[PDB]
Every structure is written in structure tokens, then in C-alpha cells.
Amino acid sequence: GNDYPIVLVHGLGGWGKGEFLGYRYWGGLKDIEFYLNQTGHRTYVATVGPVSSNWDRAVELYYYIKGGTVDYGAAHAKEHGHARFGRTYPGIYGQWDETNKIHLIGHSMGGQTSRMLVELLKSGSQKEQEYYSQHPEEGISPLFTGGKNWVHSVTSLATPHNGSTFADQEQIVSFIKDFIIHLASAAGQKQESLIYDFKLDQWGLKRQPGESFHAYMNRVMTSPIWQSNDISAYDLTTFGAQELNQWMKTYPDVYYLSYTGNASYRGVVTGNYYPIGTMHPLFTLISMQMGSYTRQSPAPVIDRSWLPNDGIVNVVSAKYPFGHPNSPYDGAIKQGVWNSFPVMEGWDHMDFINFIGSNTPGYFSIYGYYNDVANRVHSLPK
Amino acid sequence: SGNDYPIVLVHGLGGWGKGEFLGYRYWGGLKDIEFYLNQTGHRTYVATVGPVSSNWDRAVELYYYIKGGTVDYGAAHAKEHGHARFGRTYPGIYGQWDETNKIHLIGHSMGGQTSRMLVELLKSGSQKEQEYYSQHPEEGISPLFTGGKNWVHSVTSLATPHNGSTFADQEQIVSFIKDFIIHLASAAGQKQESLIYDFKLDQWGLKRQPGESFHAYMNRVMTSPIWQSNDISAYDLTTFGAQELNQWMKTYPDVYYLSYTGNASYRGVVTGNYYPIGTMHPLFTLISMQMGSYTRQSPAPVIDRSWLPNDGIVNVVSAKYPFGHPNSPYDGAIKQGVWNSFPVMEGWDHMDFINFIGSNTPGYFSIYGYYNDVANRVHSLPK
Ligand SMILES: [Zn+2]
Ligand SMILES: [Zn+2]
Ligand SMILES: [Zn+2]
Ligand SMILES: [Zn+2]
Ligand SMILES: [Zn+2]
Ligand SMILES: [Zn+2]
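Chains as they are written, first to last, in the authors' numbering: chain A, 4 to 385; chain B, 3 to 385.
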């Protein structure tokens with residue numbers, strides 16, 4: 004097969020190690036990346052902005068792997084009104100290129116972020132190229148010139164390719180506050196001692212020296228970025244995600260694999276969908292509104308196929324991006340199409356990363372599922 | 003300055019007592035409403051009752067917590083609902099309590115219902131328990147159930163679901179309490195495993211076992227069938243259950259009643275539904291969205307569009323006064339024997355009334371300003 008290292012890309016809310024002692028995004032109380040590396044699969048955990056745009060996260064993710072200083076694009080930065088340059092990274096895989104390829108594995112928004120990254124690698128950014136032409140004084144970063152075939156495969160796990168009908172209700176500021184409650188609780192850590200980093204430096208939202216966590220977070224959660232386009236909230240809506248699908252291409256020389264979960268069941272009378280008992284309480288009510296939410300207008304149309312969900316991502320959204328090539332898994336993995344594995348019943352949105360309160364139907368451990376996922380991308384031919 | 007009767011605060015659903023979370027109080031959170039009231043000339047007691055028990059159970063426990071004695075839920079009531087008749091034994095926080103040593107009952111959320119239930123039991127007692135005593139004198143009967151006690155000068159409800167919550171109508175209170183404990187521990191900066199939260203469900207044989215983890219215990223509580231029963235907070239909090247309670251929990255003509263209603267919901271221009279405001283605690287955002295768009299033709303009671311505005315967990319039309327009972331909107335004079343409905347407080351969510359962490363108190367610089375005015379307000383009632 005291949006020897007390409009895996010790179011894990013967290014989704015909305017995701018955090019790096021060193022943010023919670025003893026609690027990892029990938030495994031919770033377990034280290035998945037450690038299990039994969041010990042069992043012979045070189046695996047890297049990448050850390051990008053937990054709540055910024057997929058664009059912001061893809062650029063960050065490039066420099067995280069390759070090494071260098073984050074450049075979000077002069078045109079992008081002007082149009083959306085944040086700083087152009089972000090953090091500086093030494094790179095966890097500097098030799099990354101056409102022959103030293105990598106596998107992108109992304110949970111939740113990380114699947115969108117991975118596709119965004121492949122897009123930027125493959126086709127660059129026309130917008131930034133034109134801005135360079137009009138203003139050669141600004142420069143351009145290699146990531147935006149195009150022509151890099153550095154990603155062998157992209158694997159999404161409960162990724163809202165077509166958005167979330169929860170995100171449509173515009174309560175993600177509220178959701179993330181709640182998330183931060185639940186996350187600190189599950190890490191056994193005091194709210195007052197949290198060093199959770201929202202990574203919104205480009206918007207001038209850095210934690211000030213000696214500033215309390217709660218005052219810093221409130222500065223973030225009241226920021227008007229949450230009503231813009233350059234933010235996770237926007238990208239997670241069904242309109243916003245459909246809009247992204249129009250230009251984040253599915254490339255013919257890349258392997259795409261999708262995994263979808265369902266943790267909802269049809270009510271026999273209402274025909275609505277209700278969360279199962281194993282679901283985390285953070286998603287119980289979200290699942291209930293998603294299980295009962297249909298929308299004729301405005302576009303896109305939300306019909307009854309959208310009612311089943313994993314807690315926060317509808318099943319019909321996680322299988323493949325609408326309009327993109329796709330085949331349900333039939334035993335053979337096809338290149339250049341979305342290979343949609345069968346819905347995994349009983350799996351909630353957080354079960355994929357073994358968040359506390361974990362349930363992994365069909366397996367003894369979240370390790371046994373990642374064993375099969377890693378062996379699967381390892382099997383892809385060169 | 004009309005009277006000197008002390009204030010007794012009655013927490014609502016999930017409320018905890020001091021000695022369960024050090025540094026974090028039901029009344030005030032990081033502030034101490036009770037301490038502020040006692041330091042500013044208003045004698046105030048904090049009562050503690052079952053966080054998730056029925057209003058009956060809670061009212062009985064409330065009586066003994068103030069008066070002192072051993073909790074007696076009544077032989078008939080314990081027979082029909084299937085739990086132990088005798089609960090905890092208290093020394094009494096106000097033992098001299100009686101017709102001349104009256105108290106003000108100020109209850110938040112379900113605490114307002116519990117306060118009404120206690121006045122009912124004090125005033126009228128229980129006909130069921132008296133008939134049970136007549137048929138079986140061997141069993142005896144507690145003074146609470148004999149009646150005749152005018153020991154409460156006033157009842158003040160804050161964000162009380164007098165007519166129920168359409169949230170409670172969706173049978174998801176188990177999930178809501180599991181989420182609430184997560185938020186409460188977090189607010190209190192305490193790890194889940196080290197919680198000593200007491201559900202106070204002794205009467206159901208649901209005590210925490212020696213050396214039992216908090217998770218194992220809480221799971222025994224949340225998986226119990228009591229939650230689907232007739233004698234639990236979940237039941238009394240439905241619109242049918244509360245409006246049912248309103249038929250026999252009487253608004254007495256010699257008692258002063260005051261109600262406070264919050265609204266933290268706004269009408270949507272397109273749909274006409276109500277949505278939470280940005281200042282709402284995220285624990286209530288989804289509940290608010292559901293309630294702001296929920297109507298019910300059948301089964302009864304009928305839930306029409308007036309129920310859509312809410313504070314996060316209580317509909318505004320539920321919080322003003324119990325249906326059928328005497329009630330007047332506050333007009334500058336406080337009437338005895340009717341529900342004095344103060345103007346809806348815009349911007350106040352359900353937890354703002356008790357300064358839960360992350361609270362805001364529109365119209366005031368802190369929760370101490372509001373309770374200053376509430377306290378001087380019952381203080382002003384004539385003997
Ligand atoms: Zn940006
Ligand atoms: Zn929560
Ligand atoms: Zn789970
Ligand atoms: Zn009972
Ligand atoms: Zn009964
Ligand atoms: Zn609030």
C-alpha cells in the first residue's frame with residue numbers, strides 16, 4: 004500500500020495538548036495518536052483554530068504541517084477585515100511534498116478543513132493571485148500559487164459536508180459556551196484556571212496579560228465576528244456549507260472516504276427523530292430540534308431526509324458533499340469519489356473521538372476502530 | 003416599615019443547600035443574597051428541601067425545616083404514592099414560628115409552588131390525611147395536617163411556573179437535570195467525582211451507598227422509575243400537573259401574594275415565534291427555542307400562542323399568577339388576598355433571579371439591588 008503519515012484535524016471547539024492536562028481531543032482519557040504510532044502507523048495531531056473559518060483553519064493547518072508563518076492572504080484579509088499574518092510554526096512534516104504525501108483524517112469541521120486544504124494545495128487561490136498581480140508589493144505565499152499534489156487521501160468522520168440544521172438556528176455562540184462548560188467538566192478542570200485558547204489573534208482577540216479566563220472568553224463570545232462570513236458558525240450552516248461545496252473541489256487523483264453516524268430513531272407517530280439514550284446530554288436537545296426541523300424556505304430546502312442525526316450533524320449531510328462524485332462502499336475503494344461507508348448506528352457525534360461517556364458499538368474500544376481506519380488508509384495504492 | 007417577620011428563601015428545582023457547595027450559594031451564586039439581606043436590616047433564613055421531589059414532599063420537608071421535628075409525608079399520601087412516611091429530622095431554624103411569629107415565604111421557580119403548597123397545608127391541612135387518621139387512629143397524624151395555622155404573612159414567587167412549563171411537557175426533565183448538575187459543579191469549580199450533591203430522595207430508598215461513587219449514585223437516581231411517577235417534581239412542573247395543583251392550593255384572602263415574571267425571549271419577525279436573547283444562559287437556549295415555538299391542541303390544557311414568551315424554562319403567562327386565582331397587576335398599592343403581579347422584567351432569564359454564574363440583572367448594578375427592593379417590599383406589609 005503506502006507509508007504516508009496520518010494527520011488528524013480536530014473540528015469545532017478542538018484544542019491542542021497543553022490546553023488540558025490529561026484530556027486529549029483524540030481519545031479523551033485515551034491517546035489515539037499514541038496507539039496508532041505504537042501499532043506502526045506514523046500519526047500527527049494538528050491544531051488549528053477551534054472556531055474560526057475553514058479558510059482560516061486550512062491556511063493554519065498548512066503551516067502547522069509544512070512550517071512557516073501563517074499568511075491568510077492579503078485579499079482575504081482585506082475583504083473580511085482581520086490581520087493577514089498569524090502564528091509561526093516549525094512544521095511537524097517539513098519534507099511534505101508530492102512524494103512525501105500525507106493522509107488527512109478530520110473529525111467534524113476538520114473534514115471540511117481538510118477538503119479546503121486540498122483545494123488550496125491543488126488550485127491555490129485565484130483571488131489572491133489576482134490581488135498579487137494588482138499589488139505585487141504585497142507578495143504571495145507558495146500555498147496560494149497552486150499545483151501541489153501532497154494529500155493522498157482525505158477521510159471525514161461525522162463531517163457536516165452539507166452543513167448542520169442546528170447551525171442554521173444561529174445559536175453556536177450559545178453552543179460553544181455550553182461546550183466549554185462540558186469540556187472543562189470532562190477534563191476535571193476548574194473554569195477559573197482554564198488556558199483554553201480561542202486562537203482568534205487575527206481578529207485582535209488575544210488573552211490579555213493577567214486577564215481572567217471568563218472575561219477573555221466573554222470578549223470572544225460577544226465579538227461581532229460571530230455574525231460574519233469568516234467564522235465557523237457561518238461555514239456550518241446549510242447555506243454556507245453548500246456555498247463552500249461549490250468551489251472546494253473533489254479531485255480525481257485523491258482518495259475520499261466518509262464515515263457517518265446515527266444516534267436518532269424515528270418516532271412511530273410523529274415521524275420525528277429523537278436521540279437515543281447513549282447520547283451525551285450536551286446534544287440531547289439539539290438532536291430533538293434537528294430531529295423535528297424541516298425548512299421549505301429560504302434555500303436550501305430541508306426535507307424529511309434531514310431528520311436523522313448524530314447529535315449535531317445530519318446523516319444526509321455527513322455522507323458526501325452534494326453535487327460531488329460519490330459511491331456507497333461496495334468492497335472497492337474508488338479514487339476521486341466520496342466512498343460513503345454505511346451509517347454507523349449507535350454512534351453519536353463525540354463517539355468518534357472517545358469523548359468522556361464513550362460508546363463504540365461493534366468494538367471493544369475506540370482503539371479497535373482506529374486500527375481499522377488506519378489500516379484502511381494504509382492500504383490505498385500509490 | 004410595617005412588620006418584622008423574617009424572610010425564608012425556598013429554592014426550586016435542583017436547588018441545593020449550603021454545606022453542599024462551599025463558595026457557591028443557590029441564592030446569589032458567588033454572592034450571598036441572604037448575608038446581604040441580614041446585614042441590611044432584613045432577617046433572612048435559607049430553607050433547604052428536596053431538589054427534585056414533589057411539592058407535597060418538599061412542602062412537608064419545608065414545614066419541619068422551619069418548625070423543627072421529624073418529616074411526616076402523611077400515611078395516606080405515602081400509601082397511595084409508595085414511599086416511606088417519615089423522612090429527616092430537623093432542629094428547626096425558626097422554632098417560635100406561629101400566628102404571631104409569622105414569616106415571609108419567597109420561593110424561586112418551583113419554590114413558589116412549594117411555598118403555596120405549605121400555606122395550603124398550614125391553613126387547611128389535608129382532608130385525606132384526616133380521614134386516614136379517622137379510619138386508622140393507630141397510625142396517628144401530624145399537627146401540620148390538622149390545619150388552622152395562619153403562620154405565613156406573605157408568599158412571593160420569582161419566576162415560578164404556577165401554571166406549568168411547556169418544557170416539562172416534553173418529558174425530558176431527566177436529561178435536563180443531568181445537564182444541570184454539569185453546569186452546577188462547573189459554576190462551583192468542583193470535579194464531578196468529588197460531588198456530595200444530595201438528591202434528598204431518602205423516602206424512595208435512594209440514599210447514596212457507603213463508598214458509592216457520585217456517578218453510580220446519580221445514575222441510580224436518574225434511572226429510577228420515580229421520574230415517571232405522580233409524586234415527583236417532573237410531574238408537578240407540567241402544565242396539566244400545575245394547573246391541577248391550582249385547583250386545591252388556595253390563594254387565601256388574609257395572605258399577601260407577590261409574583262415576579264421574567265422574559266428573555268423575543269418575537270421573530272418572520273415566523274412569529276419567540277427566540278432566546280443573547281444574554282440567556284446557554285443551559286436554557288434550546289429549551290427557550292422549543293418553548294418559543296411550541297403549541298398544543300390536545301391533550302389539555304390547551305397551549306396557545308400566549309405561552310411562547312419565556313425566561314428560558316418558564317412561560318411568562320405561567321409566571322404571573324395561577325389561573326382562576328384572584329390576581330391584579332401591581333398599580334402602586336399592594337392588595338391582600340390577591341396575586342400582586344409586578345410588571346414583566348425584560349431581559350431576566352430564569353437563573354438571573356438568583357445570580358447564577360454568568361448572570362446579568364437589567365435595571366440594577368447587581369442582584370443585591372433587586373433583593374433590596376424585594377425585601378423592603380415585604381418589609382413594608384402591614385400587620
Ligand atoms: Zn479569515
Ligand atoms: Zn450544558
Ligand atoms: Zn456516546
Ligand atoms: Zn410523596
Ligand atoms: Zn396524591
Ligand atoms: Zn443570563
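There's no promise every hint is true.
Claimed, not checked - Cross-link-like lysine to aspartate or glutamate pairs, in silico, EDC-like; alpha carbons within 20 Å at most:
no., chain 1, residue 1, chain 2, residue 2
1, B, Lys193, A, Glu195
2, B, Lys33, A, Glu195
3, A, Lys193, B, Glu22
4, A, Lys33, B, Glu22
5, A, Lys193, B, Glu214
Don't read these hints as lab results, they were simulated from the structure.
*Against which earlier hints does the structure fall short, listed by number upward?*
Numbers 4, 5, in rising order.
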